[PDB]
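Colleague: Read off the chains here:
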Amino acid sequence: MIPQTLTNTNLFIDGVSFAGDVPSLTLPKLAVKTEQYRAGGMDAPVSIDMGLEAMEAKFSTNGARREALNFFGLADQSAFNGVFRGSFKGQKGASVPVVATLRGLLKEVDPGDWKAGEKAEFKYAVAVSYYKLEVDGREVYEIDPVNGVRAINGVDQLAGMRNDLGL
Amino acid sequence: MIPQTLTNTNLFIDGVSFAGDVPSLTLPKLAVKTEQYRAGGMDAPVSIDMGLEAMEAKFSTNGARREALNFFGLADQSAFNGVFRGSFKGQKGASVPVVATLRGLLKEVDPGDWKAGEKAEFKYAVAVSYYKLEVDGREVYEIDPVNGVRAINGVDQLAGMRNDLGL
Amino acid sequence: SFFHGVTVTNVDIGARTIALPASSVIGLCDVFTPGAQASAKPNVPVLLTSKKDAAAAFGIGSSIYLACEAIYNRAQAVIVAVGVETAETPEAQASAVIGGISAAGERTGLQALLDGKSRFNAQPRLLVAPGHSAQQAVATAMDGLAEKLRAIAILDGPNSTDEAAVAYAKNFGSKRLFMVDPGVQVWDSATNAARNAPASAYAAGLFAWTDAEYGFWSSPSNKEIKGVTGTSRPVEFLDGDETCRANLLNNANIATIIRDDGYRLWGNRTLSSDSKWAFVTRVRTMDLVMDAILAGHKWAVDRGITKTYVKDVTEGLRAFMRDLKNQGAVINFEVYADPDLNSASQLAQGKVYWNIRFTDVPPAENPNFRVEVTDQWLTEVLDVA
Amino acid sequence: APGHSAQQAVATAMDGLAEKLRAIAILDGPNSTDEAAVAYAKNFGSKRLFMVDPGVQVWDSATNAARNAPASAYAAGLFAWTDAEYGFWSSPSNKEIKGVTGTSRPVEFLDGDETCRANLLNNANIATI
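Residue numbers (the deposited numbering), protein chains in the order written: chain 0, 2 to 168; chain 1, 2 to 168; chain s, 2 to 386; chain g, 130 to 258.
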């Protein structure tokens, strides 16, 4: 493998390119809701999957980006749409894109303290519903909570436990 | 977009310009009271809006600004009036103002320690009721708790759930 | 002058006839007499809201209000009703319903139903001319109207024998029409005589009812008609019967009524020639997701094409199509841009394509109950033991 | 020039006025039938004109009647609005007209329709509502 790092970053919200002001993105921390399970005839628990937990996907800007302030606290949850683009350029030339569609509620607009001479750093946060990561255009993650779509590498992981609930 | 940052800062309280002594403002951290909701037929919760939470809007001064000390602990809550002006100048010239009307209770006057040779830093705090942010004069936020005015981008978000309560 | 205080007044009302508010706008066209009560000019449409505007804009005894009370008993819906003047010859009385651009600048007849949009925000997703659809002339020019509006035009056969309406539905393979053969009899508030209503408005108000809480993908087959007595010609459905009148009329792609005193409809299949578009829910979900796809993608119909214009709207189509799969309108889908038909030549003149491939929920037509009386439980049961 | 642009001698001179100023002249067809304004727009191939055919009706402060406004100033106010935040490069088509009710000649846009009143006018290069 070639050494490969993050170099540049972009954010689209309803197609509007934030080519000017995003100093920090943050993808949602994907994690399995681990329940440590020690039972009879064993020890040192085995941590069965119980589904994911909530996925909050922070980012920040430091202008009055009104094209992103108008999504706070709407009556239509999961209507904030936005992708987190970012390219990984490697050492041998070619850049591998990492794009990440979000769809959630802009649940926090945090304006920082205004010390009169520093940056603004409007820290935002979306508690996303939908989440689709791509690597070099190839699909890796689909996370849809409602109607149960958890597809790793394109093949759905919940299909074994979705035709028994009868969804 | 042009790169756009915070440069200067002002505070008015009952029209009285604090052109001398405000070293730090802080807008109220707007946040949705998220209740993470996982139910039958899904996983990885979807975080329904439950309204906002309280909005405390700190700031600081380091003189004995008696024109701001006299608002502490009055019998008339939500009578402290004040705007947080601040201009975002960008790179291509023109400055975008960000003004922010507050209306609340000055619930904390915190004089710092007096180490005899440093600043004073009277940290204040208002647990605001009303909150109106402007960007370049264009309206973005109205937050009024009592009688329920949550208007993002001028259009009221609570009007769908205010003609069913019968307010 | 005016009144103060409280004013009790013995008036002539009765039978509060509540219905759930429907969203699917239907069109309407039937004759009336534009006298002093009817404050509606003849060839122009009016946005109807309830029984009151059906009573104010048209006459009480006029043929519009007798068809508007059919839907407003069943679904509080939105009517785009353009009446016509009563003619003498039925060749011209049928041709008054078509009309056209035969004014100086304006329109007349059924062709004023295109003015439901851009006057009322009410595009008619159902078309019904009560009584004036037994002719070949109007019903051909309703498929010429419903193909343009992307709507389901409701028709009716005549009051003739059973076979004469079987051979009337052989003149159409029109894949958007919907024919309802038996005419509803109705009481009409102590007139002690059953008036033969044409029963195209009763099936039209049923679709607006089943649109609201069952959804448009739900088949409007088993569901109830309100405000109805035993109809004009008795159509029965006997089980396993080759010659029973309902199954005789289903195989000719004609809706009926089945239960006692004309309770419910019986239509599931439309007046088509492709078996691909046989049901009335494939042709209804074809056209009522593709306005909801547009209702939310009005921004995409003109915009400066950025690099992500192809990519941000294909994640806007998918994120809307998952909300239809959420409420059970479809089964799994796929929406994707074309790699083969989006070139640089099409972007210059503005065109850019996207694929959509969903699938309908098939309705439960024909559940079979294969059965046998068996003496299996006769030795273990009924023993001394 | 609202109202006074259905005449031929003005719209010829509004185009010559717009060529000198390097601007966009807003025109309007006659308020007659759909086959009449198409014959009016065949007088010009002059690449600086913009024709808005249906007559906007406005309420005008409890007149309890809708006046046929010539609908050339409403679309001209639309270009000033879309110049500001969408920029001059934005297509000024899909955007809202405010202060307006049901127009003079009701032009629809049915999809998949060859003879719908919007598309019949767009081939003659005429804006509608």
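Where hints are given, some of them may not hold.
[Claimed, not checked] Beyond 10 angstroms from chain s on every Cβ pair, some chain 0 residues (computed):
#1 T10
#2 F89
#3 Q92
#4 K133
[Claimed, not checked] Here are the simulated PhoX-like pairs of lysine-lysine, each with C-alpha atoms no more than 20 angstroms apart in a straight line:
#5 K120 (chain 0) - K108 (chain 1)
#6 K124 (chain 0) - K59 (chain 1)
#7 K118 (chain s) - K176 (chain g)
#8 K90 (chain 1) - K59 (chain 1)
#9 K120 (chain 1) - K30 (chain 1)
#10 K120 (chain 1) - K59 (chain 1)
#11 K59 (chain 1) - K120 (chain 0)
[Claimed, not checked] Cβ-Cβ distance ranges computed for the label pairs, FRET-style:
#12 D324 (chain s) - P4 (chain 1): 35 to 41 angstroms
#13 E68 (chain 0) - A138 (chain g): 45 to 51 angstroms
#14 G6 (chain s) - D189 (chain g): 37 to 43 angstroms
#15 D50 (chain 0) - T18 (chain s): 27 to 33 angstroms
#16 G138 (chain 0) - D324 (chain s): 55 to 61 angstroms
#17 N356 (chain s) - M162 (chain 0): 27 to 33 angstroms
#18 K299 (chain s) - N254 (chain g): 18 to 24 angstroms
#19 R139 (chain 1) - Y38 (chain 0): 52 to 58 angstroms
#20 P46 (chain 0) - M162 (chain 1): 30 to 36 angstroms
Don't read these hints as lab results, they were simulated from the structure.
No residue lacks a Cβ here, since even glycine has one placed at the ideal position from N, Cα and C.
Colleague: Quick one, are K118 (chain s) and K176 (chain g) close enough, alpha carbons at most 20 angstroms?
Modeller: violated (31 angstroms)
Colleague: Please check whether the beta-carbon of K133 (chain 0) is more than 10 angstroms away from every beta-carbon in chain s.
Modeller: violated (8 angstroms)
Colleague: Just to be sure I understand the hint, the distance between the Cβ atoms of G138 (chain 0) and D324 (chain s) should be within 55 to 61 angstroms; is that true here?
Modeller: violated (25 angstroms)
Colleague: For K120 (chain 1) and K59 (chain 1), compute the direct alpha-carbon distance and say whether it is at most 20 angstroms.
Modeller: holds (18 angstroms)
Colleague: For the range 37 to 43 angstroms, tell me whether the beta carbons of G6 (chain s) and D189 (chain g) fit it or not.
Modeller: holds (38 angstroms)
Colleague: For the range 27 to 33 angstroms, tell me whether the beta carbons of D50 (chain 0) and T18 (chain s) fit it or not.
Modeller: violated (55 angstroms)
Colleague: Minimum C-beta separation from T10 (chain 0) to chain s exceeding 10 angstroms: can you confirm that?
Modeller: With a cut-off of 10 angstroms, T10 (chain 0) remains clear of chain s, as the shortest Cβ separation is near 15 angstroms.
Colleague: Given a hinted range of 35 to 41 angstroms, is it respected by the beta-carbon distance of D324 (chain s) and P4 (chain 1)?
Modeller: holds (37 angstroms)
Colleague: Verify the CB-CB distance for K299 (chain s) and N254 (chain g) against the hinted window 18 to 24 angstroms.
Modeller: holds (23 angstroms)
Colleague: If you draw a straight line from the CA of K120 (chain 0) to the CA of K108 (chain 1), is it 20 angstroms or shorter?
Modeller: violated (27 angstroms)
Colleague: Mind checking the hinted window 30 to 36 angstroms against the Cβ distance between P46 (chain 0) and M162 (chain 1)?
Modeller: violated (45 angstroms)
Colleague: CB of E68 (chain 0) to CB of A138 (chain g), is that within 45 to 51 angstroms?
Modeller: With a Cβ separation near 46 angstroms, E68 (chain 0) and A138 (chain g) satisfy 45 to 51 angstroms, so the hint holds.
Of the numbered hints given earlier, the model fails hints 4, 5, 7, 8, 9, 15, 16, 20; all others are met.
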